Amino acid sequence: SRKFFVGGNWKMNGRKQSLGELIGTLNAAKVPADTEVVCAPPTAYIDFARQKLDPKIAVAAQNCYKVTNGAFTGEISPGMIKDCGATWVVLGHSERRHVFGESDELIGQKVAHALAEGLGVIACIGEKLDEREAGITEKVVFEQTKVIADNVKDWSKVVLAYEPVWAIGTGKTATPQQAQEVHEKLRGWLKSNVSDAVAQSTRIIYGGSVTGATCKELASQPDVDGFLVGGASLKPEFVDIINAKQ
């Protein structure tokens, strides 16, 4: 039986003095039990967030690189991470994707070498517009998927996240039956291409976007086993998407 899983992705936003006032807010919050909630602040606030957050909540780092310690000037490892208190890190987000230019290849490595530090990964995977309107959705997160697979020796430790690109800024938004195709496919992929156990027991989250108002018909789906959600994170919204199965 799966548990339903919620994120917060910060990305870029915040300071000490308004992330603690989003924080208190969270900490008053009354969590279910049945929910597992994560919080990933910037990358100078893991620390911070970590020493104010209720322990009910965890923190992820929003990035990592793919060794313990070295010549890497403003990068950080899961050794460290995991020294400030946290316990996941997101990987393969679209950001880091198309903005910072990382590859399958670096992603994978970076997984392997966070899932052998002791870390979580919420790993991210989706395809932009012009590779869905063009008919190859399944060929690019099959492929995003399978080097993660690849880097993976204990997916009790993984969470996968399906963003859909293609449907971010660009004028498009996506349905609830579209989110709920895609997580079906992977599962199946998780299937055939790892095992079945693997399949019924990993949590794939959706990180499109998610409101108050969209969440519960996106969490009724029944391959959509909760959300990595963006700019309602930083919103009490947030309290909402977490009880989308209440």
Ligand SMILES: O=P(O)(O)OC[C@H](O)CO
Given for the second form:
2 protein chains.
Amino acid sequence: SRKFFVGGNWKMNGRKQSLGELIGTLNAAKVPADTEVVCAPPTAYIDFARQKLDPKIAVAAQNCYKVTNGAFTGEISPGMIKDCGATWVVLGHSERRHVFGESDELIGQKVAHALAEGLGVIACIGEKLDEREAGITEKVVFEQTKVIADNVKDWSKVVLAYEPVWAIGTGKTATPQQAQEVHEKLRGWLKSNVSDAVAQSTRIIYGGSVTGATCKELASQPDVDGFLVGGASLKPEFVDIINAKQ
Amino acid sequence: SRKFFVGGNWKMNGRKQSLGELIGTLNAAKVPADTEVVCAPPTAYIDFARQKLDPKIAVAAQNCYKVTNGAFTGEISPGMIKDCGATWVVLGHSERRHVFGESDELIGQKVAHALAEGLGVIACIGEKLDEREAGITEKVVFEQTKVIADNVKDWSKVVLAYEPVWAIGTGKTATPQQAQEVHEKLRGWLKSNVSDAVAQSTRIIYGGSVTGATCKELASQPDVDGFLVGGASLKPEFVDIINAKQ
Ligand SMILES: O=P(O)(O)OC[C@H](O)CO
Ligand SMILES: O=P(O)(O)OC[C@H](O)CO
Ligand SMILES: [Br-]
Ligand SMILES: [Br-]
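Same protein, the form solved in complex with the named molecule this time rather than the form solved without the named molecule?
Time for the whole complex; same chain goes first.
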């Protein structure tokens, strides 16, 4: 079976004192069996966080660029992420796509480079409000997933994260059934376009709203394999989400 | 007189071993009198670099966002930069504007927030090839400088960096006279729109091509107050640029 996967995306939050406190709480949690936990600190704290987190929890960068070095003020490369002791990167997050304008083409190029350099990738996909309302959820997320898949040589290194962007900051609520419906369609895409084996083994994690009170029900959806958690990842509640299958 | 200012923008280059070596070379340089030196490491290495650089050299972040915390995967805030021991940030660099799409509006908002939080800002301006060819250099760089100035409460915390984007990756060469001409126009803008005192005291540094062989002549231009150095900042040659007024 697919190992349950819980990522905590700290986004642009934290300073050393409060992140050290958060890390103490996470280090003290008992990670259940067949559960994989990854935390993504702000870029200025990747090295700091990796030093303080126990190795039972992996560290991800929140983003990277598509070449190993160059004239890209403000960027970091996979080589730097590895040099700081992290082993994952989040790519294609909805904030990168829709606040910072990152294109599918660029995201695919980043995926190829990060994977070639030995990182795991949490590759994020999701449709916006206008896309959902127009009925093109499948067309959008299938094209996003195709670009990712076109840049993957080794699917063991990839986790897909579905973000219901249409239900984040819009007034719409995504129900667990609506989440499950998209996850099933994505898994069917993998079966038809990559292979049945890849479809059965790839974790597809949910990146919409999740709390301690809702995580059990979401995790019980048959095609939801874990979470990419936003705000709750900064709080002790994150430990309850780690235990959503318990 | 205006203190000569030399910034080294390492861009997306370096790993701990080679950056430690570079830092050893810079620590061993004798900084001449009335010369201010600032180095901008990749974001993953701000803290590392500040720990290894002697305090005679300041550390800058290569970019930041416009609020202190929030849902901005891949960003860092001024509060995090200060928490890592850095005291400057580079804002508006041509790669952020023209590779990553950062608007003037956003740059002004970042300037206001970084300054309010106590950082110094190296605020970058410059016109592209099509703008130069259309004869609108002044209109472009004056509007960029106006947005910056509209977000400055304390000009002692600001350095302006002119980047001749029209002469970077285009086949065009900016001559020292062409650089001086723009720096003079920018200083005249400050006189007419801020105050004569601000015009006389604000460093306007050159962000075009500079090497050990050309730095003396550029630094001798009357309105060129130093450099924001790109590739040479990764090499021992950077020490010769520090000494361009000697
Ligand atoms: O970036 P989000 O997740 O806050 O939502 C972005 C939407 O596309 C709004 O344009
Ligand atoms: O970002 P530069 O400095 O390499 O030049 C960008 C130009 O605007 C090309 O569009
Ligand atoms: Br805080
Ligand atoms: Br390297």
